[PDB]
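> Single-letter residue listing:
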Amino acid sequence: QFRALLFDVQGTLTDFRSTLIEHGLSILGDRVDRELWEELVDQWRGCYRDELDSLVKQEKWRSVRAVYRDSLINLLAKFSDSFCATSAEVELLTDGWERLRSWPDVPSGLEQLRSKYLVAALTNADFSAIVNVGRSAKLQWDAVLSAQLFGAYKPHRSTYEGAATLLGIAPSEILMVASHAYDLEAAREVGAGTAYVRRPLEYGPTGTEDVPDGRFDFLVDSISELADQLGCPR
Amino acid sequence: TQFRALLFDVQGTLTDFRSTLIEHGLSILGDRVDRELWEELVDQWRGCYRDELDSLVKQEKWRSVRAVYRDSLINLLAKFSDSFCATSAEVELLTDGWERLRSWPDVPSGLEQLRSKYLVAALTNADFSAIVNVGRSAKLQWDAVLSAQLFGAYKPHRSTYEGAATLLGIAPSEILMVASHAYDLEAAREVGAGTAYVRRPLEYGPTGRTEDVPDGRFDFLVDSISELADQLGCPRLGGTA
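Each protein sequence line maps, in turn, to chains B and A.
Sequence positions in the first sequence follow PDB author numbering and run 11 to 217, 219 to 245.
To convert, note that position 171 of the second sequence is 180 in PDB author numbering; the numbers rise steadily by one, no gaps.
You may find that some hints are simply not true.
Cβ pair distances, simulated, as ranges [unchecked claim]:
no.: 1; chain 1: B; residue 1: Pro114; chain 2: A; residue 2: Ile37; range: 58 to 68 Å
no.: 2; chain 1: B; residue 1: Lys148; chain 2: A; residue 2: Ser168; range: 25 to 35 Å
no.: 3; chain 1: A; residue 1: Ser118; chain 2: B; residue 2: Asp232; range: 30 to 40 Å
no.: 4; chain 1: A; residue 1: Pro223; chain 2: B; residue 2: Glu32; range: 44 to 54 Å
Taking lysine-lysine and the DSSO-like style, the derived pairs with C-alpha atoms no more than 27 Å apart in a straight line are [stated by the list, open to error]:
no.: 5; chain 1: B; residue 1: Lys126; chain 2: B; residue 2: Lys148
no.: 6; chain 1: B; residue 1: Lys126; chain 2: A; residue 2: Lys126
no.: 7; chain 1: B; residue 1: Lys148; chain 2: A; residue 2: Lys126
no.: 8; chain 1: A; residue 1: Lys148; chain 2: B; residue 2: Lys148
no.: 9; chain 1: A; residue 1: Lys126; chain 2: A; residue 2: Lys148
The hints are simulated quantities; they were obtained by calculation from the structure and are not laboratory data.
Beta carbons are placed, not taken as given, at the ideal position from N, Cα and C, and that holds for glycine.
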């Protein structure tokens, strides 16, 4: 039995790619075509994950807003022949990562879980970003937790252990929920349960992690489906 | 248009802790204690907790507030040992009462009304797991939950308000602090926060002491969270917002 479900948010609960594609196209207009902007959004995510990987190996923490801003600036330099952005527009574009929309039925699935479980976010985004994403993605939590609180990013073990300490529960009483296998594996190393949510469109229409039945404790296509499997009414 | 977030004290400001713990203890202990006596211990319990936090603030130390509550209960049990007794298991159950606080009437809907215009967050000296639990017992839904435990310091230490502003990504002058205790508003304002005082005449019981708070001492002076929401121009619940 679990007392709390701890959720990855970007991708797991939110369509960040669609959000940032539409966000950037609305700000930039016909300065960019959809095909170019789609490619930059994919490279932007790659630079962010590359930087976080490097910071984790050094056991260091930076503002993730700064990570997104700096990588955008460097990508603008790479694509400078095709379009340009002002400094004010860099800030507005970077804001898009704090306006993520949820996958359909995520708000109702989250609400369904709360009859039996505490639900909390554990995200690498800054604390203020996940508060903002709560409004744009319509997510209501018992608690919001960020890498900023621990000075370390997932998958560092101090994030899961810090979350368990703050929540007053043992790591084995937390069910970690994510669409990324690395996160579940890291949480399980300290004892957490694991629930994998398939998100086939997380990275666009491309053709997926190798996740057979049994690799994780639960393997589902929606949060509502997980709530059903955990015995949550409705 | 001035504020981006409201930051709330919780115990007393939003919750009737005195009624909660009076009824909680009488249900655990039953006939072993009379209402008149248990009420007295509840008031003394709160006093010991406040005294211990005041001492830790001066030492700039932090410890689990559940432990503060538990240790002071054990010392009050010794003091009243001729009238009743409690097991170690019952000490844990009684100490749980501070995590089961019930809200004042209309607090949940006042809080929901504010969210049409503002981010709302708790800033409490209770441990993080305690305020999460109080959210269920008091029916409070937040944008964020913040605890002294995150900062290693209790209110009114400057680092709690500044830490909260840093985490929320907003300047202190864009935070409106909400409390029924003048000392909390005064400390938040020293960092730049706006101030909203909520009168709670029953916070300390039917004959509860009150503070001298005239018009103008704080930015807002109200009798309910819903009244505050109206003065900030939040639409009534049930509309498009």
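> So, for every hint listed, does it hold in this structure?
Hints, verified against the model:
1. At roughly 46 Å, the beta carbons of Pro114 of chain B and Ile37 of chain A sit outside the given window of 58 to 68 Å.
2. Between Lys148 of chain B and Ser168 of chain A, the C-beta spacing of about 33 Å keeps the proposed range 25 to 35 Å intact.
3. A C-beta distance of roughly 36 Å is found between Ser118 of chain A and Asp232 of chain B, which places it inside the suggested range of 30 to 40 Å.
4. Separated by about 52 Å at the C-beta atoms, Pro223 of chain A and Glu32 of chain B satisfy the suggested range of 44 to 54 Å.
5. Taken as a hint, the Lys126 of chain B and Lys148 of chain B pair is honoured in the structure, with Cα atoms around 20 Å apart against an allowance of 27 Å.
6. About 30 Å separates the Cα atoms of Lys126 of chain B and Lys126 of chain A, which puts this hinted pair outside 27 Å; it is violated.
7. Under the criterion of a C-alpha separation no larger than 27 Å, the hint pairing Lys148 of chain B with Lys126 of chain A is consistent with the structure, at around 15 Å.
8. A hinted pair counts as satisfied when its Cα atoms are at most 27 Å apart, and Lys148 of chain A with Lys148 of chain B qualifies at roughly 18 Å.
9. Under the criterion of a C-alpha separation no larger than 27 Å, the hint pairing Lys126 of chain A with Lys148 of chain A is consistent with the structure, at around 20 Å.
When held up to the earlier numbered hints, the structure conflicts with 1, 6 and fits the remainder.
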